[PDB]
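These notes concern the structure reproduced below.
Yeah, one chain of the complex is gone here, protein chain that is, but the others are all in their spots.
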Amino acid sequence: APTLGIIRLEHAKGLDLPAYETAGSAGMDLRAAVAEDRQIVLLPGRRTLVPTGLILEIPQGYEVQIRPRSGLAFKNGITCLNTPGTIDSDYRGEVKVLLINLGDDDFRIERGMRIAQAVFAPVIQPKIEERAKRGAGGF
Amino acid sequence: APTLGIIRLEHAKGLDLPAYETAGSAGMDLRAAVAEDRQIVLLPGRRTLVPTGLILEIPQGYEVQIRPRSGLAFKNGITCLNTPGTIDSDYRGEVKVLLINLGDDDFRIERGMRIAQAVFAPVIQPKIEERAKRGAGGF
Partner (left out) sequence: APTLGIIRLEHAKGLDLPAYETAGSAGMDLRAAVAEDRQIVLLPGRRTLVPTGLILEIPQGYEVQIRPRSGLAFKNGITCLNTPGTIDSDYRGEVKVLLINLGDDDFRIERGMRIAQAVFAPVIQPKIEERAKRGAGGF
């Protein structure tokens, strides 16, 4: 298999790195690397970037998709606004998750909270060819 | 090809199982297995789980992504809040679709309504390797 490198920033010291729960899992949970003893408030309708404290080194030919956690979405109405968030093999910034509160309650973000799931996949670049002149894709 | 198993729960008796429309289709439409003669009201801003009455047996090495239907999104402002919803090869619960109404009208959910599309894909687990020290992925 391919290898996903992960560089831990200081605020991710002490957290478990992402890992697959079982051989059957599709994604890895990502955790909030916010300050200990700090509760971040996300009010209804509002969005924020939540740090993971991780830099991903995704190898050439692959991507990471940042997808929502299903339980947060149901219980709280929280999702990832840019879902599926695309992280490419060039990206060497810190991975941050863009949460939006689409529910009615104030939501509290805490250190260690599972905030998204990451799915690693091959990516391909087709040749792009201009040509001259039902299917899914229309509205 | 791989085979996707589907176990039908009682409330899905009488509905067509998911199927690809053509050899070209990417997804399969999923239908609401709500009670006959019941109109479920989803008001603006609100979310709910819609039952499909299906248990998926996804084989090892594959996942299912639950994606929005484009026409509902356009016409009604309805989408899947946890999109793309990840269903892994361990999951043996009933598949439910988390709809949210991000439009202005009351939306009615009825038995048999197409509510999402399912895409079946291989999934890979890279080795996860901690390492020490523009690209898509930042904001």
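We call the chains A and B, going by the order they appear; numbering starts again at 1 in every chain.
Keep in mind that, in the parts below, a residue touches a chain if its C-beta (ideal position, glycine included) is under 8 Å from a C-beta of that chain, and two chains touch if they have at least 3 such contacts.
In the full complex, chain B makes contact with the omitted chain through residues 1-8, 17-20, 22-28, 49, 55-57, 62, 64-65, 67-70, 73-74, 77, 79, 83-93, 95-96, 98, 102-104, 117, 119-122, 135-139. Residue positions on chain A in contact with the hidden chain: 22, 24-27, 45, 47, 49, 60, 63, 70-71, 73-75, 81-90, 98, 100, 102, 117, 121, 123-139, in rising order.
The rule is short, and it goes like this: only the chains that are shown with their structure count from here on.
As a whole-number value, the distance joining the C-alpha centres of chain A and chain B reads 19 Å.
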